[PDB]
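Just the one chain here, laid out as structure tokens, in the form deposited in one PDB entry.
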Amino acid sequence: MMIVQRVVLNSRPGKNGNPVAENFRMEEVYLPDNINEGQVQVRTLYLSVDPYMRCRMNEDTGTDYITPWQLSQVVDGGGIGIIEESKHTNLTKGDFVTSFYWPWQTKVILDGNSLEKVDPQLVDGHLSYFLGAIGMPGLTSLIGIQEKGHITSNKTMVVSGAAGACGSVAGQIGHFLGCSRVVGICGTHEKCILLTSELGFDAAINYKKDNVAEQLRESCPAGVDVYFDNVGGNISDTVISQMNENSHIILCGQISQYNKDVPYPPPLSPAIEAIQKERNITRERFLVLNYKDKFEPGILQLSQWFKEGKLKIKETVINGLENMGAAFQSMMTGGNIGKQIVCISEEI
């Protein structure tokens, strides 16, 4: 048997704690030499890190559709790989495949029925895009905007988490689908420049260093019609206060709250909820997995926009399975521009 590397959950940060690289531990394990009928042996190429993973580090995730990671057991998440051996009738050696529950391990034996075969032509061979802009975050942005944005209209969109995986795509799609103005809120001036100089955002606001309320008044002079919310907390309170009658909050995530012992989705404060109700602002829970029937058209559209040169795809790649923990910590504290990716093998 050959020896491979895996990542297991080492320790929990606590419900109110910050996640750190040391919450994960690398181990070496044997990979069995044979696979059974219906299984495939896959070489892991890229793995995702994602904000939802924070709740998987707690003993109770607080959400009925996410299971907690278990101490000393292999971690899992979005991944893409290449089939090395197959005893599944619909998969063969050399196929590229994806799973939402890919073990954090360099080579894996999986049930073939749990994988989706993907076409590398859709990403011009850049496979890591299947974990970002031509993957779940891209789909979340496109389907979120389509289903919850009510964009036809010379509307103004605000995007929080604007320079992240979802946000960087959302702001571009807002322009593609008819917003006249798209304004981004993010955590660094470097990110602000990216948004306006490369991604076509009309304005960018650094929430750490800028006065968010007054910058939104200057950059959104006609108020806010659509809010693509990745962050929640005080930032969302500030945006909501400038939202128009009959506007829409695309409630994508609330990452400002993930290191706190509070339920998801978190309620708005009494003052901000009052504004929401008075202005008839809609704020419905959005779960991209409720729209799996739209993933095909979504991916095909994201791909087409990419290939046309319209959709600009940004990512931050760290190399090596040993860096999964560091990549997660980095993403959670804003180290990533666009999608955080970990490259697990050589790009061939």
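We call the rigid core the largest set of C-alpha positions that still match within 1.5 Å between the two forms. Positions refer to the first chain, counted from 1. Compared with the form deposited in another entry:
- Just one residue from the list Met26, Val288, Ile318, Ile35 crosses the 2 Å line for C-alpha shift between these two forms on a rigid core fit, and it is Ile35.
- Shown in the overlay between these two forms, fitted on the rigid core, is a CA shift at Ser180 smaller than 2 Å.
- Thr89 is among the residues whose C-alpha shifts by 2 Å or more between these two forms once the rigid core is aligned.
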Contents of the next structure:
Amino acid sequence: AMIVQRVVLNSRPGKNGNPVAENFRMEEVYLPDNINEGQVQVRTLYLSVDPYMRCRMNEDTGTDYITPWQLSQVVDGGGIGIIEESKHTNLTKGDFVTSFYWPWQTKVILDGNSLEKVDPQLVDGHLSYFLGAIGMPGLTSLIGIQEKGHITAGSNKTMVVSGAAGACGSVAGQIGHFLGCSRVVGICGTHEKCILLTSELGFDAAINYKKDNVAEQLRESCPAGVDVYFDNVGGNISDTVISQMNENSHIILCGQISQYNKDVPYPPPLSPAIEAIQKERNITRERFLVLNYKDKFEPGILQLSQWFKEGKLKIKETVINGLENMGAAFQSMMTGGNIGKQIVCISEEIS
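Switch from the form deposited in one PDB entry to the form deposited in another entry and print that structure.
Here we give the lone chain, stripped of any partners or molecules.
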């Protein structure tokens, strides 16, 4: 019985509370010496932390698509690992695999049918990109823009992206330029993030919402108004952006992270004054859930991989090390510690 470390949900912060590292706890358990037919033993390499996990910390998540985590039970989420032993007829030792339901544990015995084999060449060997820009967040940005943005090459539209220096946002602003937007302006929470948006990611301008007059900066950077708003944050920032959105414009409602530590149903309605603007200007604001478009996942991943391999898509991530830091990593991402996709490195043992 090998000793492995795992992370379990130690306490719930409450639907109206703030998540902290201590809501999680790391403990040791013994691993089976026993691998059954159809099972594989995997060594975890990278785990993801993501904003949607904030609702899994609640007793009731709010929807049918995601189940709540249970107290004292191992937590799970997107992960990537290497097969160390296989008794599954279609997986081999050394294969790299992923699952959206990877337990937060150093080594695990899993049913082979619950795993997907990945192709390292799609990410030039950066397996953690499968949890990000060449994964669910990048797919969310691409499909969201393609389905809800209404952008065409040649229309010279202006796109504003909130949460611009995060996983979805950093990819969304780039895709905005790839697909036809002439101006892409990002709103984020730090000066350093602002610098990266314009120096490395091709944004035309960057606004720090903690230090800048957002409305004033939107008037300067979006001189022709806002035609597409890729929204990751909601709250006051979105109210400000919507106030400068043009006739027949579109809000790609990706997420509303500024509201995730509150019991308001998702997506939160707009205040009467802001909703009045939306109605008067015919601004579209529809829900967008990436799981409603799984038939576009394969072509999407290939397109994201191709843009990366062509040297056009810049992939940003922030890494924290060690399973003992999962809770800290989730708390850090929720409060802005990350540039690009937040990842936790569990191990680099691949040989």
